[PDB]
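Engineer: This is what each chain is made of:
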Amino acid sequence: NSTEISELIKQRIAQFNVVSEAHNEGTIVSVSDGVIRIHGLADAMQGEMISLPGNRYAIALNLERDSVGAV
Amino acid sequence: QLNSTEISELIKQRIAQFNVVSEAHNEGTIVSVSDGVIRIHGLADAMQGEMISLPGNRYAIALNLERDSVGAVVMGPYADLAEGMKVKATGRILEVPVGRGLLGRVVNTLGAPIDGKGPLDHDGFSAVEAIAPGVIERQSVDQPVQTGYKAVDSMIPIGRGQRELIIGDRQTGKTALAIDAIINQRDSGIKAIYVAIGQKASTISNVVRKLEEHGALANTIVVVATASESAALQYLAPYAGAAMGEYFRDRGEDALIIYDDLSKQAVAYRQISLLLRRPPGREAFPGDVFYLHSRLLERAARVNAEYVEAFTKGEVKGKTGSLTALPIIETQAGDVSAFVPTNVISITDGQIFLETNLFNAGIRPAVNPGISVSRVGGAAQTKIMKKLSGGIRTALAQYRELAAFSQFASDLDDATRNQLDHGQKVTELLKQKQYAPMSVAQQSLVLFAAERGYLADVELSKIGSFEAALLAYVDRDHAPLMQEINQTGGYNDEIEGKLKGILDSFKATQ
Amino acid sequence: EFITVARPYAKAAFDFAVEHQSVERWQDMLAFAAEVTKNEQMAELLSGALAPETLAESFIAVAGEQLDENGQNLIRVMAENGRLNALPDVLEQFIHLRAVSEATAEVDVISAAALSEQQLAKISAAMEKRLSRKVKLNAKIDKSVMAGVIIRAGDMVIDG
Amino acid sequence: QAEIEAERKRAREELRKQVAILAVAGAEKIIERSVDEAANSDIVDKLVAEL
Amino acid sequence: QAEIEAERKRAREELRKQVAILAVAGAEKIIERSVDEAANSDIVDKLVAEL
Amino acid sequence: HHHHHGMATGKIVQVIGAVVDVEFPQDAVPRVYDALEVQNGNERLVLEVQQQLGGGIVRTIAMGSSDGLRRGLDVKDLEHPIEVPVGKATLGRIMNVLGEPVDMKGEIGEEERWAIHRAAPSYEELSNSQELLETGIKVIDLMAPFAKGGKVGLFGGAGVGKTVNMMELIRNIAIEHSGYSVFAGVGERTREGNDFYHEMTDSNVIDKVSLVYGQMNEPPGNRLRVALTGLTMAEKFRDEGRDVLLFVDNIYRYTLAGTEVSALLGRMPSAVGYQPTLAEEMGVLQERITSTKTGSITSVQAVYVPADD
Amino acid sequence: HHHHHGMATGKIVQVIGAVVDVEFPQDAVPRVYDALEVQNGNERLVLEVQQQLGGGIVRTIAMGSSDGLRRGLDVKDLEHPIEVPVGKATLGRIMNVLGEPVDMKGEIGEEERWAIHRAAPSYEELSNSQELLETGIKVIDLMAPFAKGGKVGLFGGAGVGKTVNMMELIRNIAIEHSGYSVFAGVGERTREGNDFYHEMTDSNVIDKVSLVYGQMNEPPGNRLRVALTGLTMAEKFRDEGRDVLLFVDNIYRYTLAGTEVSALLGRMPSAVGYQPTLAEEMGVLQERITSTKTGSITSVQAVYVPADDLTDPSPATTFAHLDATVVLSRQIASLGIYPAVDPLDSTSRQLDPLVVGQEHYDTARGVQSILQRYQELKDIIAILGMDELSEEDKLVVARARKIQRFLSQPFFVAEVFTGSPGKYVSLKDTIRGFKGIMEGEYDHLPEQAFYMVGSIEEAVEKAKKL
Ligand SMILES: Nc1ncnc2c1ncn2[C@@H]1O[C@H](COP(=O)(O)OP(=O)(O)OP(=O)(O)O)[C@@H](O)[C@H]1O
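Chains as they are written, first to last, in the authors' numbering: chain C, 4 to 74; chain B, 2 to 511; chain L, 2 to 161; chain J, 106 to 156; chain I, 106 to 156; chain F, -6 to 302; chain E, -6 to 459.
So here's chain C without its partners, still in its complex pose:
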């Protein structure tokens, strides 16, 4: 548990054999009014639109591992 993630820190540091992050969804790590990092999304397309909370087509910037920048 290097980074403080509470749920993902204890679950990833105590049970790393079960990840299950291939649904191309999950949630977001943070939200700084626009600059939101979409957590997970391993099988998601880079640049594709996705309906988040509300009514906005949030498209990712690039596919850099699982830390994709959603806008």
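Hints were generated in silico from the structure; no laboratory data involved.
There may be inaccurate statements among the hints.
[Said to hold, decoys possible] Examples of chain I residues lying across from chain J (beta carbon under 7 Å, computed):
# : residue
1 : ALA130
2 : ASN145
3 : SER146
4 : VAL149
Note that beta-carbon positions come from the ideal geometry of N, C-alpha and C, so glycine has one too.
Using the hints provided, position chains B, L, J, I, F and E with the ligand relative to the given structure of chain C.
Structural biologist: Here is chains B, L, J, I, F and E with the ligand on its own, set in the frame of chain C:
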């Protein structure tokens, strides 16, 4: 024979002592020491800006109190310190002497140790910072201003509550030049200050010797500042050298505050901010120029009864606490075009700009023509220097504009030849010299010869000494009641009769 | 050498992982796995690996292999994410952070570290430090009692 | 001249007095270095039994 | 000023000679006060032998 | 300035400078305008969270200061974001920068208490015809046809002054048209308030104008937050039947505080010493003073240019 | 600093050029600028550690370039201070920059264990006072007086009379005032070392004078580190009873070497390349241009400022610190003269009436009025017609020409420089020969009898031989 009283104080103080502490108490441990920036890993949950003394007579304050380590403030030597001395538990912060009991002696950076005594106590060792006054209780009192210049005493004066941004020119002179205010004004009767920003032996010896030997000594405070200061004494001179000024302006008396040049104040704090990886902008300074000038330049205001009725804790509620804002600066040949110069000079009331062309050429005129002006003007002074002595723009603009354009356009008529003798003779003969004291006789001598017609008969340069000495000594010695006209306003039957009879008899009998 | 990354490994393993009776596995796994690579062989030979399975499986399963799910999961996640390169404050951060519910330690009286069992303020320090038993040890206990009056009287009275 | 002579005599007489550094250094060094004599187990009880 | 310089030098020399002549009384009083009030052992057995 | 409901949140972490990095709740962060009234020292110093972050330590910025706080100050959770007190009853005394007063007591007329963040530009029910106005003068109305509820700029030097515009506009526009003309002020002097206010006793406008000035002794966030009083207090009279008409002072407080605060926070922005929030505040705030169906929203655009830049 | 060895050893992890990643043992370093004399390769290099982050792992820098050693240098510091070889009996030899032989001669004659003790006088001394001793000259000594040990910063271009300053100042600063003198040799080469060594050693500017050295071939630290050795080696001779004289190199070496060395190293750089800390040392200059309680360090500065200027940034501070100005061109020596010194362009700053008097202020009015009236009246009549010559124009070509132009005399010890040696003048020759003989005293007075006279008093008394 030499101890006497030292045996009782040393035996009683050395025999009494107190107890032994330093047990189960975190006094703060320093992790490293990068010559000033000491990472104190401990005692971070205290006051914001607690100047805790470490090993010796210092004042290490918390520069950035984070969640772990915090940087310390350097107060003297810090290059020879290592990482092992830790610190000490101290809750005191900004413990300076504030009061009117020590206003007059030679003050220092943190106290009054620059004089020969050193035991100049005040009313209470409180904080050294100063805040602004009342918003609706800032009633400015229009009082007379008599510095030491014969031409600036009736052109644009600043009594109480005015902020005139003075710009002193370099190369004779900004540190002295017109330093005849203490010798010409005699007893000021106010709590004026004189904060310095990089002094030496010639400035402290010549200023301390000429100030005490030529004028009143114990009348105004003087915060001395050496050139070896970092940022706790050089950059905090305008913000920390306004304690005594808060002792008379908030009670009901008069107070003032004057600083030195703006180069050491704005340049001394730029190295500690840029050298510690903080914020920067205009000349290695972000928003530190706008926050420091608000509680210093716009803080010296004349209070009324509402602002002083609650700050004095029941004392002189009927009196009005006046405070003159004497914000002067030393411009390096007109070096005022930055954010601090435009914001500090434009955010105040007046702005007097002086050039070195008229003073660095051998003339007695130190101020420029039309560039040095205040905000209240000559109407806030006496009655004789308001409606009878206030035409510097007409004689300076008419004489300079009508006499300066005579190269290609010659053959002057009657409208151009009359301004050369009156403008050149009045401007060249009515200007004060270097270190010249000026009393209250400028309105009687300037409101008679430059209004009726006594100076038109003697417009020559050689007749100024015999006419001025014979008419001034004969008129001033033959009638002692005329000086009483300088004790108040005037501009009535006594001014016209005494000025016409004294000017006609003294000018015609010489 | 985690500093800021040391609060998650010590605070996240003492609350959610404390319900599985992992009070003894963290000390033996963290002390054995962190102290086993303190020489000049496993640190330079295991820290310069290319993948995380060889360094985590070899360094966490070849030098005793006295771990279980927390050792393999914490060593694989910490080694693959970047936290197993040092791990020097795992015993002090995990023991001090995990043992904060019954932490009882005093200070020193200008002598040696006594470490009394005082959980609160002025608990057992007055009786344990004033009910001799022991009054003065050989670590300059009685000789350091005059530093307050001698340093205060000499330093405060040295100006004259 | 009288004020300068009085200030110079007071500053020279008050600053030339070496009783502070001489008496503080000699009394502090002699008292701090000469305290080991006649202090076996009697000085440890009065300074260690007061805790 | 030249006539006052001799009085200032004589006053400074008189203060230095008075302090030097009083150094024995200051060292003896400081040694007696420090030895009699050192907060350790009231015993003047060890001589300081100060100036 | 928010309605606290619960008073929980948590402790803090770091407190270096004006960056309020207090660790409040874990997965229960508030909104942007919902400030946390932390008990730092003695008073309840609230800090507006400009950008929320995970864990608890969010990027918040306070207006004034904490008046000496420790590293673990207790915070408090809120419910209603930007809950200040205003309304159409502010025309009677001088206002402050947080809905309170600066002259006498009464918090500049305590009446309603709704949201401080009013709406910028809108249509549908708003007046889209953009009718013209008439001030009733021969050298103001006959020479320049101003619109009903527009942001007309001003230039030049002296000559007229605040006494001619306030005294001439506080009686002709007040009797010739139904509406309350208020004012504002950000970046003024500390002594002018002790003199210019006396003009209110020479024209009888103090009972029909809400003087909301911040002077200049505070910082950027404590003196530049006068936008909620004008927009929140001016919307109660313009959307009821009257016509609000504010009056700005200068642009040095909004430009210097916005560019210095937005560019000195560790992020890049515009060029030539400017910030990237000038188009949103200037375009969103400049288009908000428009005509509506219940009253025209007029505002005196008294912005000061940087020496013709 | 650190002298000389001990404190266990060390191990360098990363080796670079100057500022490398030096790391010693656990808690084994000293104070700031600790020159740890360690065997870096072959010679014993002294790397001064300016930083003090932790204990051992600090930023160390030597006087030259340490690029060449392997990754594993043993850096060992010490505990005492680095005592450089300085004292009061070091005058007469040729010292180096670190304390050795310059031109393969004698080193420091006195070893007072000076550990970079920068002597600075405070307010409890002889500050301030004026000197105005002999030279000997008349207009150069009366029209341009100096303070008691002040920094007389001059300013001049190419061909401003280099032999008149060293020849005329080599005898007055070694026999008239104090016998202990020093000379700065930093920033020299073939022409500077050969001309300064041959001209200074062939006359009377070597004994007794502590000639320093210093080459700018390596870094700027060794060639610009003249504050400790210069302020502690040349000013240490003033405590013996008399004063002390010294020299300077150039004003561009401090700003160029300080800004380039402080900006080309990485750290200490935030004022657009300028150093905001070293400039603070300039604030201590007022403590070095005055008389102390035991002597007076007369630091005679050279004719160097901001790229050879007289009214710039660095040139305005050198002229305002003294009691005169700084102006020297080829107009005075271009019309046939011995001493290249301007009299009308180099006026005294303290020539008023409050800090002078009748006899002290009477010399400035005669030289200024005779020079301005003689130059303006002689140039106006000579640039037009000879019929417009009344009394000042017709009489200023004899009394004002010889009196105002009689300052070009030889040196006091010019036995192998200018040929004949001039006599020693005082202050009575300038006031007595210029306060009455410059307007019309001896009537007939040509310029032939006052062209080689060492004083102005002989310009009117010895006019019978022409
Ligand atoms: N208008 C003037 N006319 C003649 N002399 C003047 C005038 N103003 C100042 N002086 C002279 O200047 C002297 C004071 O100079 P001062 O110490 O103020 O220079 P300074 O401000 O230190 O110069 P710098 O700004 O270059 O450092 C006084 O002795 C005075 O005689």
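Engineer: Run every hint past the structure and note whether it holds.
Structural biologist: Hint check results:
For I:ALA130, the suggested interface contact is broken, since its CB lies about 9 Å from the closest CB of chain J, more than 7 Å. About 5 Å separates the beta-carbon of I:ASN145 from the nearest beta-carbon of chain J, less than 7 Å, and the hint is met. Satisfaction of the interface hint for I:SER146 is found here, the shortest Cβ-Cβ separation to chain J being roughly 5 Å, below the 7 Å cut-off. Restraint check, I:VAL149 versus chain J: the minimum CB separation of about 10 Å is more than 7 Å; hint violated.
Violated hints, in rising order: 1, 4; the structure is consistent with all others.
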